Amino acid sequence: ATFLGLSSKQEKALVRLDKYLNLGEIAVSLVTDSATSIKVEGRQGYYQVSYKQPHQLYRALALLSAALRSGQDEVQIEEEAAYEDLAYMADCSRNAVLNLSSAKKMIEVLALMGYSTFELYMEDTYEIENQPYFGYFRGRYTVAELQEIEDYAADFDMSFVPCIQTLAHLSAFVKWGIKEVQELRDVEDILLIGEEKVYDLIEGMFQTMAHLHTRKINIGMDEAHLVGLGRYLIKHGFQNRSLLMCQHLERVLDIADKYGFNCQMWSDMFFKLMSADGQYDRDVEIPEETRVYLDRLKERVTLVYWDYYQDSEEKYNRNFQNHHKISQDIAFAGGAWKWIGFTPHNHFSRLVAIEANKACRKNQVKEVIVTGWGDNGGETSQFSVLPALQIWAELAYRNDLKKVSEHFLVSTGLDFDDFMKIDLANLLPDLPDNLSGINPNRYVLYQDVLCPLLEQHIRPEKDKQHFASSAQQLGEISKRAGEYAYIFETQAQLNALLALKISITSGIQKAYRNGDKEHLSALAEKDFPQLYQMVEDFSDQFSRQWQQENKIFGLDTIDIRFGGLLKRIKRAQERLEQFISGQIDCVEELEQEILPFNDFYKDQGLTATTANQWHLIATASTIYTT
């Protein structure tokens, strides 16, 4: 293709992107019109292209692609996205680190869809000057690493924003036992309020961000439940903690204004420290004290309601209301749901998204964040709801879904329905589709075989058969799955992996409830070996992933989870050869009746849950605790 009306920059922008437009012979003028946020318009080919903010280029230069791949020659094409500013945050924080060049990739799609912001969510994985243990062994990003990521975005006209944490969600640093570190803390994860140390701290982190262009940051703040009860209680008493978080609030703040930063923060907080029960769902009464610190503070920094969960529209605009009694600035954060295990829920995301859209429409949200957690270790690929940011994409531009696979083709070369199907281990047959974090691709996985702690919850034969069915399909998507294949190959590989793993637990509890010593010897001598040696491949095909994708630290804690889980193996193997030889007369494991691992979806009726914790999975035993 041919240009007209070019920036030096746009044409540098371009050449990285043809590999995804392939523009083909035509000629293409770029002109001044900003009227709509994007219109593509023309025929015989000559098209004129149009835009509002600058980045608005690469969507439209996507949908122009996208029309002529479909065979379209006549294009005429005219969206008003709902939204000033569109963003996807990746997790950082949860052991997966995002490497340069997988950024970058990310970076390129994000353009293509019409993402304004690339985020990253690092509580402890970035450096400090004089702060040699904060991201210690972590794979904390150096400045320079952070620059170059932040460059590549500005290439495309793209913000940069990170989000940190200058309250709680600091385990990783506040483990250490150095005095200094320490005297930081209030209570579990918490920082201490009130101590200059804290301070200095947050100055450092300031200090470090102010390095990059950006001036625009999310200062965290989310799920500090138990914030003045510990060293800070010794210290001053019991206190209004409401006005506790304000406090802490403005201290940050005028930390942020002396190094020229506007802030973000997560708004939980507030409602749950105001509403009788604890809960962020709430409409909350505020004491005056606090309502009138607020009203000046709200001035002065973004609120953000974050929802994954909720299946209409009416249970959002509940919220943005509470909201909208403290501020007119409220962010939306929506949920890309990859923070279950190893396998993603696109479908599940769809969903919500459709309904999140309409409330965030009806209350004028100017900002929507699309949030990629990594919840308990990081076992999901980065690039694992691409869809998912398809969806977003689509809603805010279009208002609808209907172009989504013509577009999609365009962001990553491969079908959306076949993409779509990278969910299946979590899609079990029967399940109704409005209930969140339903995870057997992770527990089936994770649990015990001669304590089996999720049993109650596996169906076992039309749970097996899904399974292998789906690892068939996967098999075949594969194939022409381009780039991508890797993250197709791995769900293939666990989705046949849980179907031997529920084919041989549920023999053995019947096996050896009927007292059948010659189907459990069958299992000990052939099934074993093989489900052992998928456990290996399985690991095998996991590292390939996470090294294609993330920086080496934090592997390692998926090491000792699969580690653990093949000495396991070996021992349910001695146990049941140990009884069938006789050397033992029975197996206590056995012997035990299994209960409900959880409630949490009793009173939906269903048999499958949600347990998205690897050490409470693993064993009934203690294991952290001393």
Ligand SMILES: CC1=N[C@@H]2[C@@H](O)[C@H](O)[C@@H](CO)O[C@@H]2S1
Second form
There are 2 protein chains.
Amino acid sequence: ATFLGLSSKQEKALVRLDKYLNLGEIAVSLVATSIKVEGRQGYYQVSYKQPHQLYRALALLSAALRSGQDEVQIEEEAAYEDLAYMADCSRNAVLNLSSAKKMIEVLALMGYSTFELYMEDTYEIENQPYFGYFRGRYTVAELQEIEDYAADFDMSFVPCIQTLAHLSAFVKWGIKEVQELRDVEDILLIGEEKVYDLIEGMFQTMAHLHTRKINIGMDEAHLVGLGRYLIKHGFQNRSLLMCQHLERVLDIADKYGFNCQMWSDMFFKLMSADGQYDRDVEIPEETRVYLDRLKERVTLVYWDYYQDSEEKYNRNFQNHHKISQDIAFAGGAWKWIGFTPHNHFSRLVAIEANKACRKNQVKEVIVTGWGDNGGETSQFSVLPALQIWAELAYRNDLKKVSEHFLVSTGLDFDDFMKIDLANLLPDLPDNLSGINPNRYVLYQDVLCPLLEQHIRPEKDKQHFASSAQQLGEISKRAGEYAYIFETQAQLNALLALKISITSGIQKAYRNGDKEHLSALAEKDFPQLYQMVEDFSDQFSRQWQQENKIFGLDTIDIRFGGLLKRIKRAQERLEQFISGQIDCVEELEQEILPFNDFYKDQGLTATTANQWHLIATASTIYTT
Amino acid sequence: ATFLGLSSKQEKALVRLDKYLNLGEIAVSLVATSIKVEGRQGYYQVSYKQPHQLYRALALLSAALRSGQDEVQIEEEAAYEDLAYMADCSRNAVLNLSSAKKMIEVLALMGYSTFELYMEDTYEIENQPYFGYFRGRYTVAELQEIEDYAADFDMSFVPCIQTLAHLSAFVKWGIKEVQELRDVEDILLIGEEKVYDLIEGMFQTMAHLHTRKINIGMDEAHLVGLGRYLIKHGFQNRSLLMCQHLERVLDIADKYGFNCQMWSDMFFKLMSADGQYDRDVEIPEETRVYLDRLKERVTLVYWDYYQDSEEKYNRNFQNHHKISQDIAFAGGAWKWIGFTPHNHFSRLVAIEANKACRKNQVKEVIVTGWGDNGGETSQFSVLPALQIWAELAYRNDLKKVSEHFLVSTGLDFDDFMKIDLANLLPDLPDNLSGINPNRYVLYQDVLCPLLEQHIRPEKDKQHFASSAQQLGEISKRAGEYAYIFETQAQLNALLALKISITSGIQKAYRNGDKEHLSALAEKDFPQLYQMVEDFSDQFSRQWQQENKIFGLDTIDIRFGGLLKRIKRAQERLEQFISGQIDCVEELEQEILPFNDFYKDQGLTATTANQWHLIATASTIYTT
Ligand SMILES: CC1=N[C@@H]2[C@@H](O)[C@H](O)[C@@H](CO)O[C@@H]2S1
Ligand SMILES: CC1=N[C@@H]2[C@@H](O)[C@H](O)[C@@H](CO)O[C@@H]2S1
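Target state, the form deposited with the named molecule bound; input state, the form deposited without the named molecule:
Full complex below, order starting with the chain above.
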């Protein structure tokens, strides 16, 4: 392709995106609306409102031509001034520089204005050697390189940090200078000057960036004011306490020229009678005066990944607008439920959230790709969800999602959606969130299978086996992303065999069938152990491709423990079969429902997303 | 031997104890002081104040004879009306019936009046299926059998339970009927009728026993009143809240005929300005009035395992005397610091505690054998400590500790004390508690060794190697306890190699010596891996001899994780050596002190006793 009207900067960006765009022998001229592309017979005119929108416009041109269109007539008016993707870099997976750059390229093509990294403790602060210690924290140079790459595409960069809670990986260090910063649990001590010193250190680090927009956190500080704070000061008004801390942090941000966003949940939890987020709260006048003074100094971010109807989001927006007009929305790219994402669920809720955002004058949507409890899901697992949100933002529909996605990823959208398969059990109601058999079927014990009442052995096993087959074929046409489909093919195959053995043991033991137990012990057990080893190897390839090495160690621990537990199950069965023991006491125990979260929806599967609770009923982190 | 004046019950006990006593062809006749033994020329008279003291008296006689005495003339007056041993059955290791019986025999010979088991959730309660689920909870029949065996020696049985906090293994269950019982963290909800229903269930279970003496717990409920309690009730006077709960619990106990003890720490924590135990107390007038009525109905147990001077204990007794004259003391049999006990430290503090308990006219001493953070230490690891407290109680000195211990165990006291060796680093000040390299040298990572600054790579390694040799010889002469010494011999040998390799890789990586890194990778790593496998096998034999199978699973997880991390370290080094990677980022990180707990003492070693924090700097239990 040849171009008129490009700047040298845009030339540079197009060189980097050529491998996606492959525009062929056409002439493009760059000259009201977010995006317009029009032309035919080898001549196309593109226009854009914000500079970064050039890259979605050119993706759209590419996708149209690739689909076989000669005449192209595209006009989009985006609903949101800003559309961001936030990757979790705090749940053990720290995105490596190469993968950050790739993600930025794809986001540029999709139409995102902004890239964000969620970093609790995973950046460096002067004279805080324990902050991010052995975590793969980003150096200032690494953050600058990521920011600068985004800026090459006229994209913004917004760090998402923590200035109150969600600092467990820092406050664990038994060092006087760290411990003195603590209130309780994962929460920093409000009113402690060494805490404001720390927070100023965070801003000093981020002030080395160009960006002056930041998310300061402040979600989920449930026991704020009730720890060392209570010992020092007695019981205080916790709503005002939050306001006080927030004003202190905004004052620090102001010193360095930053404008701030924060997660909004604590205002609602502190003012509602049952301490919940989804609540219309009455605000005491003294708190009102305080919030009224802070509403123009911070953007509140309403986060919600769960509702299946527009009206449910609308209610929360109305709750928020009683506090402030400046409300941003965070929607979900579901990749925090184990090893397997849920792009399908992401789509379902995004459609409805987008309706509510448009009704409530939202100017910014932040798509959050959390990594809860170890960061076991691929960083690129959620490309479909990210395209979905871009389509919703730009077109208000998903009519062109496949066409556009092919340019973004080089593979078919429906194929890519099959990455979800280890969560897509047959018969599951589609509107229930967090149902994650991919993870709990993997990590549950063999002898003491705590999730067994939530498994339909034949139906689920057949689904996993079918899924492995499907993904084995998809990985052969998945281009640069084949590795993530290989991981999923292996996981599904492993889950099928793991169910067969685990459920087979329960049945055979109850029947006293030592012949069948022997069959399992001597043939199926070696196979399962090898499949786990092979899965570990593939997962480690995936992780190293995407992430810094730090944090893989927790997954080694989890896999190594699973392997040792498979060996124990073999040994215990062999001792029973041989007559060395008269019973296997583990197998004499009645298995109970693991939880009742979805009892009243009546399905068999559930949500279970804490490894240490899946893997054992014994103590393991407590004293 | 031939016995005169025994009841049928006593005759049976003598038959059972012959294997210890070896009295031979003598006559013993059962006729002012706790114990008297008097005779010569094959005829001896014994007398006791309390029936169980018969068995210590016969031990004294046995020891005297084995020492070559013909004429024997021994009198003892015990300082304490009751002397108890409490084994932990809540830290994953649930003592099995055979081991309970053995322990009771030994305790009878030493002079203990009482056997106790500490059971948070590890017993059965009607209609509470999650209470002790997959934990190896005791059935009523099992507790009755254990109590009855104690009773055969005229020893009492006292269950030690929890009626407030330390219930993490129960409250983790995501079941509405469990979650509704919670305040915060590991604490039950005071004032909730369903909690009193649960507590009444506890008493219904224990009422099947003969004993009507019970320790109801109530230690370490630090955030009591601050969770769901606070949302429901506002901020209340927490010392009064404790009294209110206690009164409900005592009313329940009364209904079933029980007399109660409780740990005393929360009264001090809630009525000190620092919130600590070892503090003077400001007792509000209203709490005084409540305490004054409750003090007549409960025995407060002052627990302290740490002080090196009588005066420090005395100060605490004085403060306790502000609340009540009925104060029992809990001393320590140090077995909660990993895989290896500390009988030596136990001795040091017991000498001083015994002085304070005598000065303060204490009637009951309970020696506690906690098992913190997984129950990894043998249940029989602390027999020396138990003899020491018995000698202190009966004779106020340790002049006959060895002679009497030989009766109790069949083996030499100083040999048995060597079981401590993995904690007895050269140069350690003897008065510092909790220093536990046995555990943290084992579980620390190889690539990312978080405890490395606390390890002296030649000095400690030599000590572990020397200890392995010493223990290998002791195990050959240790009879029925050889297995616990074999575990220790293996552990010490493993720690020596593990240090050699971990420090060796830091050095060879630093000096760029790929040849030596390859030698380590190819020769030493497979050796270390095999040693860990073998140690796991030996530990598992030890565990199964002593405990129910439930809880071993956590240790399989921990060892499996370590094995996998050893494998990872080999693989990462191999990739570096072979040129597949240009650096090993793990080994480029500066290693910091792990904690500063003993920094003020200028110490290299430290205390580190939570597996999840030793093993990785990553997140592993948090979301
Ligand atoms: C703000 C937010 N705080 C929590 C995060 O720490 C989790 O990762 C996320 C997904 O479970 O849920 C909420 S969103
Ligand atoms: C009462 C007591 N409660 C605690 C126990 O849970 C621990 O096991 C023990 C040893 O660390 O220390 C105190 S004593």
